[PDB]
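Visitor: Knowing the structure of chain A, use the given hints to seat chain B with the ligands on it.
Each chain, letter by letter, is given below.
2 protein chains.
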Amino acid sequence: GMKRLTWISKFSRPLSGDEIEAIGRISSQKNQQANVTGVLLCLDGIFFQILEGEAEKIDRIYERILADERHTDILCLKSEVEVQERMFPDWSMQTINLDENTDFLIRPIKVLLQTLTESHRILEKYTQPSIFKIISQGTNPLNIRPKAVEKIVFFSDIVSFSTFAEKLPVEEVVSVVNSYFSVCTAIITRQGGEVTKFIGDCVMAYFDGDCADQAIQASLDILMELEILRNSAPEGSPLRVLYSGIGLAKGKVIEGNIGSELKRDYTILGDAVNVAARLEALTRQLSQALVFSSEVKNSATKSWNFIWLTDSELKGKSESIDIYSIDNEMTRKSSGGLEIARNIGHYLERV
Amino acid sequence: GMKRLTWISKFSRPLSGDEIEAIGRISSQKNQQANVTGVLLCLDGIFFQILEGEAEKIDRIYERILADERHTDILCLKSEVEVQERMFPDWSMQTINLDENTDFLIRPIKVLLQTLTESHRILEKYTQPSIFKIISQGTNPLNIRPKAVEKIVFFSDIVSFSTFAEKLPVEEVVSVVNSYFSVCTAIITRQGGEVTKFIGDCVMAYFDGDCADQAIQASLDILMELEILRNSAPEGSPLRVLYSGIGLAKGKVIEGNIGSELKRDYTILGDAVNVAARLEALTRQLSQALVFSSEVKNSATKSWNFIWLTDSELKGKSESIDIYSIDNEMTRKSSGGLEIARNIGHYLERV
Ligand SMILES: Cc1cc2nc3c(=O)[nH]c(=O)nc-3n(C[C@H](O)[C@H](O)[C@H](O)COP(=O)(O)O)c2cc1C
Ligand SMILES: Cc1cc2nc3c(=O)[nH]c(=O)nc-3n(C[C@H](O)[C@H](O)[C@H](O)COP(=O)(O)O)c2cc1C
Ligand SMILES: [Ca+2]
Ligand SMILES: [Ca+2]
Ligand SMILES: [Ca+2]
Ligand SMILES: [Ca+2]
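Those protein sequence lines, which keep their order, are chains A and B. With the first letter of the first sequence counted as 1, position 291 gets the number 291 in this note's numbering; the numbers rise by one all the way through. With the first letter of the second sequence counted as 1, position 306 gets the number 1306 in this note's numbering; the numbers rise by one all the way through.
No lab work stands behind these hints, which were simulated from the structure alone. Heads up, none of these hints are tricks.
Over 10 angstroms on every C-beta distance to chain B, these chain A residues come out as not near it, computed from the model: (1) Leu239; (2) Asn328; (3) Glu339.
Derived coverage of chain A by chain B (criterion: at least 3 residues anywhere in the stretch with Cβ under 8 angstroms from a Cβ of chain B; other residues may be distant): (4) 37-49; (5) 99-108; (6) 181-189.
C-beta: ideal position from N, C-alpha, C; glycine also.
Excised from the complex, chain A in its bound form:
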C-alpha cells in the first residue's frame, strides 16, 4: 500500500531563494533514503507539496514536516491510500520556485494559483474544522457513509445577549461575541471536542460519547476563562458583563453527506434547537452556569464534585431526567436570570 499526500503551508517568516533551495536539497536526500518521491513548489510565501511512498515512511516524514520552524498553517488537501502508481517516480523531491520563474505560460498560471489559494484560505475559515479532519484520513467528505454515533453535545450561550445589541454599537457587539466564540472554541478544541456550529449567540460542539470528563473540563475551563476575562478587562469594557451558560447532554448524532447540494453539512443532531433551548432555560432557572444530564454524569470517569439540582426534560419525550452540575467555588452563584440581565443592562447603559 502506497500513500500520497498533497499539502499547502505558509512561510513562517521570509525565506530566501537559497534557503528554499536548501529545503528542497535535504528533502531530496531524505526522501531518496526513504524511497519517497514528490514535488515542492513555492509562490509568494506559500509552499505546496505532493509526497508519495510507503505509508509508514510518509507519516514519519510528514510528522517531521509539521514541526519545521520555517513554515506554519500546514493543511493536507488530499491523502490517497492504496496508491497504485507514483506521479513523480524520478523525483525524490523536485523543487520549483515559482517566484523565480519567468516563463511565458507560467506567469498567468501563477496568478491563477495565487487567486485560487487565497480563495481557498477564505473558505477554510467558514467550514467545520472536522471537514479537513475527514480529508486527512483519506476520505472525501461527500462520500461519507451515513452512521449514527453517540456524542456528548455541548451548548453554551451568552446571558442576555439582547442587552448588548440594544446598548452598544454594532462593532462593539461583534467584538464581544468574537471574544466569546474565541474562548469557547479554543478550549473545546484543546479538550478534544469539535465546534460544529454557531447558532446565534450559542456555540454547539461535540465530544466523543465517552469523553464526558473532557466535556466537563472544557466547560469549567471556559467558565474560569470568562471570569478571568471579566476581571481583567479595562474599566468600562463591555467584556466585564460577558457571562455564559453551558449545558451538556448526550445525543445520537448522524454523520454523513447531509443537506441540499446547495448547502451541505457533515452532521445533524435532530432537535438540536430544542435541547439547546431547554438547557438555556435550565441555566437561567437554576442560576447555575453549568448543567448536564445524568447520562453525561454517569459517563464521567473522574470523581467530579457533582451536585444534583432538579429534574427536567431535554428531548421532548415524557422522560424526567436528573439534572446535575459541579459544586465548586466558581459555580456557587445565588441569582441569575433576571438578576444578571438587569445588572448587564445597568452596566452597559453607562459604558
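Guide: Chain B with the ligands in isolation, oriented as in the chain A frame:
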C-alpha cells in the same frame, strides 16, 4: 475605474481541442473590440479565466459568458474594482489548453491545480452560498464591516423527527432529511432568500426585511411541495410522513466577520435558538404548519388570507405579540402535535 474578474467553471459536455481553440478565438476577437484583456485556461474539463477591462464592458461580456451552453457551474472567485494596471495588457484573450501541454515544469503544476480545484469544490458545498455572493461584489468576506440589518427570519423543522431516527435505518433517515433540506433550500432560494444554516432538523433562512411577501410565498410553496412529495412517494416510502412546521419572525441580524479564526460566520441572529424553539412550539400547539408574527404580517404588501391565531412570546421579553397564519385549504388542519407524532410512528413502524 477598471474591473478584473477571475472565475472557474465546468465543461457542460465534452469539448474538443479544436472547440476550445474556437472559444478562445471568438473571445479574443470580442475582447479586442471591447478593449478587454485576459487569459483562459482549461484542464480536465474545468475552465479558468481572468478578465479585465472597463467595468461596464466586463459585466456585459460576463453576462454573455454565464449563458454559454458549453459550460456550467460558473463561480467568480475574485472581483477587483478600481483596478489600476492590467495583468495581461497584450492578450485580448490568451488561451492555454493545459490538457495538451506536456512541458516538464507544468506537469506537476497541473496535478496541483487539479487537486486544489477539487478541494475547492468540496469546500464550496459546505459554506453559506452568501459567502460567494459577497465575493462577486468585490469584497473579501473577512473584511466586512459589522452592520445591523433587519431581516425576515425563517425557521422550518421536521415534525417528530426523532421517530424517523428510532424507526428507520440511518441511511433512510439521511435520505428523508436530504429530501427535506433540498425542497426547503430550492424554494427559499428561488424566492430570493438565503439559507444560513441547518440546526439539527431545522432550516434557518433570511429574507430582506421588507420581503415578507416572498417569505410567505416560500413558506406556502414548501408546504405545497411537501404535500405533493408525501402523496407522490412510493407505497411504504418514509417520505409519506414527512411534515414540516414553519415559523417566520422579524429580527435584527448582525452581518460581519464573526467567530473564532478557527471558525468564522458571516451573520448572527442573537437568541436564534430561542426564537426557533418558540416557533416550533407554536406550530405544534396550534396544529398549524405556518405561523408568523404581526411584524411579518404588517410587512407584507399583498392581500394574503391572514388569520389571527393567538398571542405568544417570541424573543423572551415580556411582550405579547399576535401570531398569524394564512387560512387556505392547505393550512386547514385539525390535529397536529401528538396526533401527527403517533401517526408517524405507526406508519414508520410498518414500513
Ligand atoms: C516546505 C517544506 C517541505 C519539506 N519536505 C520534506 C520532505 O519531503 N522530506 C523530508 O525528509 N523533509 C522535508 N522537509 C524538512 C523536514 O521538516 C526536516 O527538516 C528534514 O526532514 C530533516 O530531518 P532529519 O535530519 O531527521 O532527516 C520539508 C521542510 C519544509 C519547510
Ligand atoms: C469558457 C468560456 C470563456 C469565454 N470568454 C469570453 C470572453 O472572454 N469574451 C467574450 O466576448 N466571450 C467569451 N465567451 C463566449 C461568450 O459566451 C459568447 O459566446 C461570445 O461572446 C459571442 O457573443 P457575441 O456574438 O454577441 O459577440 C466565453 C465562452 C466560454 C465557454
Ligand atoms: Ca442566549
Ligand atoms: Ca429524578
Ligand atoms: Ca423538530
Ligand atoms: Ca394580542
